[PDB]
Every structure is written in C-alpha cells, then in structure tokens.
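Have a look at the structure below, then the notes.
One protein chain is absent from this view; the other protein chains keep their places.
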Amino acid sequence: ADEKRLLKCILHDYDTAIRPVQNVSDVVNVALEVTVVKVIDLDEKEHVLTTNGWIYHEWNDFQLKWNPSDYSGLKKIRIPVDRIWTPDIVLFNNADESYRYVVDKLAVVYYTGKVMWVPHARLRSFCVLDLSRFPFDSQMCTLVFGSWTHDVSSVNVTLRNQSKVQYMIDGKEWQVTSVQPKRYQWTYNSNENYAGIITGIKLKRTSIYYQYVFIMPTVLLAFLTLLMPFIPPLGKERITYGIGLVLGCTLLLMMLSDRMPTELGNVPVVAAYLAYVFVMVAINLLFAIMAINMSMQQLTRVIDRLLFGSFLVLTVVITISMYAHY
Amino acid sequence: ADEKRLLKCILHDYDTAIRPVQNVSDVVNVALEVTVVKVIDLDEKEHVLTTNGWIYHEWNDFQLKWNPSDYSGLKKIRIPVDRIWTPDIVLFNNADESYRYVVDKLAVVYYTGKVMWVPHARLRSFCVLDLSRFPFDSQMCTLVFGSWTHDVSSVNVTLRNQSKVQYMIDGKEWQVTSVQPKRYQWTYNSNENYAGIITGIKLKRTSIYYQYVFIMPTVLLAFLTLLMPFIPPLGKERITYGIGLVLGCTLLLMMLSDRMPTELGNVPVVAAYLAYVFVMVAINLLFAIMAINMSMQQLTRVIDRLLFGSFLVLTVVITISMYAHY
Amino acid sequence: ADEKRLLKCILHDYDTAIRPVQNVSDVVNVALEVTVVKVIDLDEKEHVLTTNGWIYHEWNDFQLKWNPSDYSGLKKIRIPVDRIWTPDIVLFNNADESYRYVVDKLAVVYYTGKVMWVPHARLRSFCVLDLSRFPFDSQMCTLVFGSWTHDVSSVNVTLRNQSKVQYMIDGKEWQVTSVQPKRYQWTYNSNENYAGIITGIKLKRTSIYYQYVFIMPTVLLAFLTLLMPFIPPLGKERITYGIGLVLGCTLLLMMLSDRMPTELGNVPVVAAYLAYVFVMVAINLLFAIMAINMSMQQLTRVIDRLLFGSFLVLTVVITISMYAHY
Amino acid sequence: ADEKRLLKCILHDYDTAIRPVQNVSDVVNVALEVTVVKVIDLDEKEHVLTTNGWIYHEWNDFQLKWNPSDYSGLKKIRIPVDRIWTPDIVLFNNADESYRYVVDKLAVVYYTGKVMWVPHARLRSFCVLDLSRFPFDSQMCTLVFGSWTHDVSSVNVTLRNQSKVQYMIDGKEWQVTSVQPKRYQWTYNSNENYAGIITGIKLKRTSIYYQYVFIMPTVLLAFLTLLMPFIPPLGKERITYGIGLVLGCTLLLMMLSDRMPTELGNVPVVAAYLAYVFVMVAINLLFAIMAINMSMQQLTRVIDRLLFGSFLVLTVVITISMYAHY
Partner (left out) sequence: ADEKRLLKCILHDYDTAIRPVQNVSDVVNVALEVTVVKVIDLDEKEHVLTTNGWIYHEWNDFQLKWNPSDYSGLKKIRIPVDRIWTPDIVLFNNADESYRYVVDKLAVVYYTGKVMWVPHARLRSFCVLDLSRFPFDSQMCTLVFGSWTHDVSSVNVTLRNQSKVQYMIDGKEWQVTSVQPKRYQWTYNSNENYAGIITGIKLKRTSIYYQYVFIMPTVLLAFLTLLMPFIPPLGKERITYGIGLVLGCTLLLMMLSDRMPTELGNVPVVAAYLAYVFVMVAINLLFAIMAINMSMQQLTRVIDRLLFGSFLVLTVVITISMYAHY
C-alpha cells in the first residue's frame, strides 16, 4: 500500500511521552482556539456551565516529516492520538470526575509537521454568577485552558494566528456573546512560570420563564396587598385575607427556595420583593388587628387611607426601582 | 481450522488507522442508515431526546478480499471492530460525556469487501422544541451523523441505496413519524468541505397526562372564577373565595413551575391560561373589595351581572382559541 | 504443574473471534437459560425494570478437548472469558448506556467441550405497563435474549434441555410469577433470519402503599363531599368548605402528578376518581352558590336532599366499580 | 537490585487464571474477614445500604515461595493483583452496575505464600427492612461473600482464625452492632455445593429527625383535633377548623409520601397515626355537620362532651401503644 508504507516508516521509535523538539532549550508553539458551538445548560446549584465546544490544537512537529513527491502526494494523514504526542491541556475548572473528549480518536497531520487535532468536549466550567441582577443578568463565564505539567520552558500556549471567532450563537434560552481570547501567565511559584488562555462567553438572559413563575405572581400578590386595607374590619374577612396572603407568600417562598440555589453572593431582587410583600402582610395585619381592636370614634378610615397612600407610593417606587433592569 | 487459516492471512499488516483505498485521490463511499426502533424519552429540561437505534454502516474495502472456492465457501466472517478500520461517524449533538455503543464488538464482512457493521446506540440528541403548541405539539427532532476528522477528500458519507425506512413506531407515549433522510455538506471553513446526514423523527403528542394534570384543573378554576361573582358581598365569603382561588392558582403555578422546564422560546398556552385565571381572581377580587366598600343604592347587582357576562364571553373566546389545537 | 501444562497446550492458536466449529455449514447449539433471583425495582418514569439475574450459557466447543486420564483427572478448568470465545447475546431492550456484567471474569469448561459460563447481571428491561388497572395490576414483563451479529447460519439460540425454572420469588414488594421461556425467530430482513428467546416475569402488586397515599385520602375527600350539602347556605361556611375541598383535591393532584409518571396509555382509575371528586366540588359549589343566591320559598332543602341522594348512588356505584379490582 | 532479582524469578510462568495448588483434588483455604469501618447511608427507596469496609483475604500459595536468607531478608513483597491470582469473591446482593474496589492495586505476600490482599470497598448491599417498627427499628443487614465461579472442590471460603471483629462503630446517625460472621453452604444444585460467608450489621436508630418531621406535627394535629369539638356550631368556625385540619393532614401526607418509600411490607406506625388523625377529622366533621344541622333542644353539648371523652381515651390508648417503642 501507499499509506501503510509511510506509516511503517514514521512511528519506528515514537513514544507517547517524548516532547517533539530538536534543541532542549527550544520550546514548541502549541497554538490553541476555543469555539463554543452550543451552550447546553447553566445550573447555579453548583456553578456548572455545560457547553459543547471545539478545542482546536496546532503544534509544530519535528519527527513527522516526509517528502510527498516520492509518496504520490498524500499531504494529509489521519493519525490517532494514542500513537502520537499529546499536550496535557485541560480545563482549570472542571466539574466532571474525569476529562472526556468526544471524537478524540483521530487527528490530521500535514507534510510540514502541522498536527491539527480538534477534539470536541462537553466542557463543564465554573463561573462567578453575579446574581444581584437575577434574572436579567449579564454574568460572563470564563473558560481557562492551560497545562499543569510542563511550563514555558517546554511549550508556549498561544492564541491562533487567525482569531476569527467573533460569532454570536443566538439560542432559544440565552444570548451568547463571544469574547476574543486572551493569554495570561499563571505562576505556580516565584521561580517557575506557566501559560494559560482565557476565553469569555457572555450570557444574556432573554427567556420569559422567570417573569412567569416569579415576577408575575409576586407583583399580583403585591397588588392584592395594595387592595387589602379597603375592607372594613367589621366584615370578619380582613384577617382571613391577611392570613391567606401569608399562605400565598409562603407558597411563593416555597417555589423560590426550591428553585433559587444555595449559592448567594447577593440577595436576588425577586427575593427582596418577596420579602417586601411579606413585610407588608405583616404590617397591614398589625394595622388590621389594631383597627378591629379599636372598633370594639371611626378614625380608622383616615388611617387606612393614609396607609394605602403610603403603601401606594412605596410599591410604585419599588417597582420603578425594579424596572430599571428591564 | 478453516476460519483460522483465512483469519491468519487477512490481518497480516492491518492497522486500525489506515484508510482502506488503492489510490490516494480516490475516496470511499461509506454508506449510512439510521433506524430508530424505540424512542425511550424526551426531556425538555436540557433538550435531550433518548432513542434506541440501529446505525447501519456499509463501506467498500480494498484489503479484505479472498476467493471463497479455495476456502470452502465462508462468504461471511464475523470480525470485531478493534482489529478492523472504523469510520469516526458520530452524533453532532451528543448529550453523554462519552459515546456509548451497545453490541459494537462484532461486524460482518463479505467476500467482496462489504463490511456491514451495525452497532446499536442509546442516542441522546438535541432538538429545538417549539413549545408554543405545548402540549399538543408536532416538533420534529433532527439527528445528525457525520465525521469531524476526515472530509470529502477521504470518505463520502452517502445514503443507503435501498432507503426503505418509512416506518411508523406507534408507541404508548408518542406517535413517531420517520422522515426520509437527507444529505448536507457541512463546511468547517471555506477551503475544506465535509459531509453529513440528517434524519428526522417527528413526534406527535397523544397522551392524556397533560390534559389531566394541567388543563382540567385550570379550566375548573376558570369555571369557579366564572361562578364567583354571584355571591353577595355581605355574606363575608366572597373575599374568602377569592383568596382561596389565589391559593389554588398558586398551587397550580407550583405544579407548572416544577414540571415545565427553564427552556422557553415562547410562553406555553397552558401557562398563558394560568395567567388568565390569575388575572381574573385579581380583577374580580378588586371588584369584590369595591363592592363591599360601596355596600357599607344597590347598584352592585347590575355591575356584577355585566362583569359576569364580560367574563363569560372572554372565557369562551379564550377556550375556543385554545380548542383549535385539539 | 498440572493445570499449567494443560493450559499451555489448549490456547496455542485460540483467538477471541473465531467461531468454534468443524464444518462451516454446521452451526453451534448455544443453549440459554434466564433465572431472575431478585427483582430490584420497577420504575414507570422511563419503563425500566431492574432485576438481578443469572444468564446461563452452554455451548459445545470443538477446540477445548483433552483426555483426562493422562492429565490426572482435571475434568473442570476455570477459564476467563477474555481468552475464550464469547457469544454476543444481549438484552434487546437495554436501558444502560453500556452492558454491565457482574462476575463475568470466569467460566468453567468440561472435558467434552461443555463451557458453562454463567454471568450475573442487573438487567434493565423495557415492558409495556397496562396502567388501566393501576395500582392492582398484573402487567407481565418480557426479557429478550438474542444475537444481533450472527444468525441461524452460525449459532442456534435454543432453550435449556432441563427447563426447571418454574419458581416463585415471593418478595416484600411484588409477587413474581416465572413464565416458561419460549423461542422466536426475529427477522432482520426477508432473506436472513435470526434467533431470540423470550422469558416472562409476571408482577402482581400486593403492597398497601398506594392504598395509603392515594386511595384512602381520595375516598375520604369523596366522603367529605358527600357530607358537604347538608350545611345551610346562610351559615357562611358552605362556600368555604367547597374551596377547602378544592385546595385539598389540588394537593391530591399535586401528589399524583409528582408520583404518577408521564407515560400514560390509559388514564388510571385513581386519577379518574380524583377527576371525579373535583367534578363534584365543582357541581356542589355551583349548587351552593345558586342556593345562597336564591336565599337572598325555602325549596333548597328538598333540592339538597335529592342532590345528596343522587351523589350517594353515584358515589356508591363508582366505588363498587372500583372494588372489582380488589 | 534485590527486589527486582526476586521479582524476575517468581512470575516466570504465572498466569492470572491458574488456581495455585499442588494436587488437583486438594483445595485452597481462602480465609475471609469483613470489617465495616464507616456506614455511609441506608436508603429504603431501593433497599440500598452503602458502607465503607475492608475485605480481608488470606490464602495459601504454592508458587510464591522463596528462601529469605539468600535474598537478604525481604520477607514482605508488595505485588499488584493484576499479575497475581485473585479469587472471585463478591457481594451476593450488589446494587452497583459494576463491582468497585477502591485501593485494590497492591497486595502483600509473605515468604511462606501468605498473600494478604486487603481491598476497601463502598459495599452497596440489600437488606430486608422490617418497617413495622419505623422509625425506632432494629433491622439487621446481612452481607454475603462467596464465589459463584468455583465451588468447594476448588476453594474453601472459611472464617478468619482470629475473629476479633466485635467492634461498635458509634456514629452520629446509627448505632452499629457487629455480629460474629457465620459460614453457610449455598447450593447451586443438588450435585454441586458452594460456600458463602454471612456477616451481620445491626442498625439502631437514634436520631431525632423523624421525631421532629413526623411525630411532633402528627401529635400536635391530634391534640388540635382533641381540642376541636369544644367550639359551638353557631360560631361558623368549626367547619372551617375541620377543613383546615384536613388541609394540614393532607400536607402531612404530602411530606410522608415524599419521604416514605414505595417499599412497604407492613404499614408504618406513624402512617397509621396520620391515618387516625384523618379518620378522626372525618368523624368530628360529620358530627359537626350534624350538630349544625340539628341547631337550625340543645342536646349537642352532652354529645360533644361524650365524643370528647371517647376521643380522649382513644387518643391516649393509641399514644401509649405508640410509646412502647420508645
């Protein structure tokens, strides 16, 4: 055969651990590129971002050299990674118990030693979610690619010469804004220095799920508490309303506690609003109890009207403070 | 033996990476067929469709050639895939961390080099679910099969010559409509072009689960709110009803939020209806509070009757807008 | 040694892929037996039945032959399956991503070529659950064993000669009735025919869990709705009862929706009973609202009594329709 | 080297399948000991007991013999199990898909052939939980260790000579009582007999979790129903109380159904008590409805007092029946 003849004369003394270089002091310019093709999910229960992405590798090789003219062309050979040298580049923040590479069993090589291994991975990364703007947030996620084993004396992890990765993966759940990747030198200690590549994926929330399960029932309960103090205390239904509002706000807290995770850096604004409808039922229940105790002059109507006006201006300033997000 | 004699003279210099071809510029017509035998599940929490399917492969081989007449027949040999060449065809949208394969340890070969490897897989695919018609949807799922490693210069991923796959797997949960598969040339870049095969599985919802857990309690709460404004405000039970309707609609929202996932492209119509019963309770609670404040002329009966008529025509036009799905 | 001397002269040219036969047209009678020793679980969320079972294999061999008399007895040798031929028999309906096998690393061989490999597996099978009789069902489960790779021209998957597997594994959760296994010839196409073995495990429900979490609260709410219309409408508690019945039936629907899975072929009878207590609260709430509107002649007592009698006969005929299951 | 010289002359013809023995009719006394160091969890959803334990093995060897005096001592050599013979001892009731053995890559050998392989495993075992005493139960768990492959003609699975394993692992969740292990001969059939070792771990419940989430709210609802019939029926709050008791007992059933698993052999006593507070709320709601129908002579006070006394003596005899557990 033709490919078998060249393959029998290119891995004669090739190990999967020898760094391909001519001079020991010389390094290898292992280029890298990250291309997220589809963001799978973002769960804040354990700060996990699952994406599907291509991890483009490109390093020069010294031993994979052949002349094409005596081998009848054959400028591209498909070589598995189990019989070729492989860099130890990994996610710095991995959530899986092990690092997995879908379709990582093949890698092309060129006639100039231009291995272009492109595996595809379900990357599970860790990002800091600023949930003070929840749900209408713009918290970017950073993915780190580097080698923990060898350092800048062995490899030089750089960005791709052509960095045309300024895409926008408009999904049905998030708006994805790609950031042009940067290179930073992470230092293990003072004497030794390493390399690393940061890529950024900004996520913009656009779904109307959280405006349906949280915002609309909370603003409707706020509207109900705003309409609460018009009922006279002698009707024997104001306290029943108030305790029904307590039960409804407790069910809203049950939904929020089952949905919003344990990771809090700042209190969410929907959680702050739920605290508000609560601190209202408590305040208007106190005023209703005091009104029905005073009823047993009819001064309570003016007190309820001024209380309604104060709650009106407080609720409208809280809702226009909330509306600055959207 | 007879099979051992032929097997000892067919893998003398066979590697698991050499592409079987005679001329380098020539390609191999790697045929493909997808046959879903049983759709396991469809979960919209992370856009996962789990199916059980056969992935029929058929490629011509150049090195697996023998004359049968001097080997006493033996037109079919069972050869494991670990000692034979294997294409790198995969799902383009895989949800598992690694590609699973059930019964992939054997593959038949013919005397003309007609390897017919048929593995079986639990394919976990990603589809775009148009949930605006939820639950009575007809959102098709697309499964993509292609090679990321080699391109049209090496293999040619084509359809089966006999494409008799127009079945209909009538299950107890979905109606499965198979679509005749098509071939599209996905391009990694401008200079290089690759191959891919799209197969389609249309899912028709036929279960009465979502008509029992969502539609019937929501239409019963709508019927209850329709019957609400007949109660006189002096009976001290209209506000109690209204707040009980608030609690019941909150429990319905709790069931919907625990069931309907975070992925929303459009608001579901059952979710829109749950918004309607909510906006009713709020509106009829406002009118009940204003009626019991006016009661403390008896004009409220005509107001409640016209309100009941307006709610009657609005509820019936909303239900006949809903009934166009079913 | 004695075993090492025979082992060094029995795997001289043995591969893990050569089918052991003398003539090519001859087949091998690969016998099979299934013995479920303990049914682990049955979850209807994805039609999964987890059992622990022995998969008895017995095939004649042509190459594993030795005379015992010159080897000092030694009629039984323990040989691992990694160095011996192995059939590709599998579950036709597997739920795991890969086929698991517990204690599959050893297999006895006899002096006549009588390999008796008995692995043990946690089989995850798929069955059609007729949930119209839920919870008091008798839906059998079918487990299929066959080879997808080779056909009746190579192996002949037959029953055990001694089929004494008519046991009864009486567990604390189910009653297990073993069915005598049958053999059917599944056909991949018209020209080629394959083999398969069906074994049956009938499951009888005997637990009092579903009679405690579903049947007793639903029949108690039905009893409460039966006792509902005796309250006079002027007591201002009939509508409160009715809405409390709505809340209780909604909590019952919440428990049922969180427990009963998405797979419905037919509506469960407990679900039908729940849709009935709901259709009652709705009907008696309508009659209570009309009675309190008519009260604002005292004809409502006779109407409530005839309504109570009609609901009495309807509830008793529904409960004696339900009682035919148990 | 010294260890390399002995290691190069001890595995010259050693396979991982030859049973180490001199005479074929002779057997090997493979001793065994189980030492649970920490019980991880016990979940009754699928009868799983997760423990961390040492599985001490000790078998005599015939081929691992050397004289120490010409090898400069070296009485202990660390040998991995991949290059030494290994018994096929396993859990008879395993919940994992495949057998795990954390720290199983090394095993010491002595100069007399005294291999002392001690792996450590997260054993997932199956026990029969007698939940009639739930939560204050004393249901022991049995762990079975035996070989399915070879029988008493090959190995003899016996106890340790020194059985000092009478410890007591006092944890924060359970009290662990070790049982001295026994040996039983499990029979695959009539002609052939095998060996097995039973070890027992008795679990005593001591946590106050289930006395907080179940016992205290149920006894408080029973106290509330005991205090229920003192309210006069003309106050229009007795029926509201009763339906609030129905809602509270329904929430208690929701907590119990979400916590107590589907496996029931007998009804739990806490489940029987929730059942009492229910049938109790039903009976006093019937008597309250009949009292408010009779009110529309004032004989109902004596009826309510005798009903309260009967409920008092019934509740106190039920609570002293419950108190015999604790």
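Residue numbering begins at 1 within each chain, and the chains themselves are lettered A, B, C and D in the order written.
In the analysis below, a contact is a pair of C-beta atoms (placed from the backbone, for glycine too) under 8 Å apart; a residue touches a chain by one contact, two chains touch by 3 or more.
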item: Candidate in contact with the missing chain, chosen from D:65, D:182 or D:259; value: D:259
item: Missing-partner contacts on chain A, residue numbers; value: 13, 15-19, 21, 24-25, 46-47, 63, 88, 90, 93-95, 97-99, 126, 128, 148-150, 153-154, 236, 239-240, 243-244, 246-247, 250-251, 253-254, 256-258, 260, 262-265, 267, 271, 275, 278-279, 282, 285-286, 289-290, 292-293, 296
item: Residues of chain D (touch criterion as defined above) contacting the omitted chain; value: 1-4, 7, 38, 40-41, 52, 72-74, 76, 78-80, 83, 96, 100, 102-103, 105-108, 118, 120, 122, 172-173, 207-209, 212-213, 216-217, 220-221, 223-224, 227, 230-232, 235-237, 240-241, 244-245, 247-248, 251-252, 254-255, 258-259
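Note that only the chains that are shown with their structure count from here on.
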item: Where chain C touches two or more other chains, by residue; value: 236, 240, 244, 247, 251, 254, 258
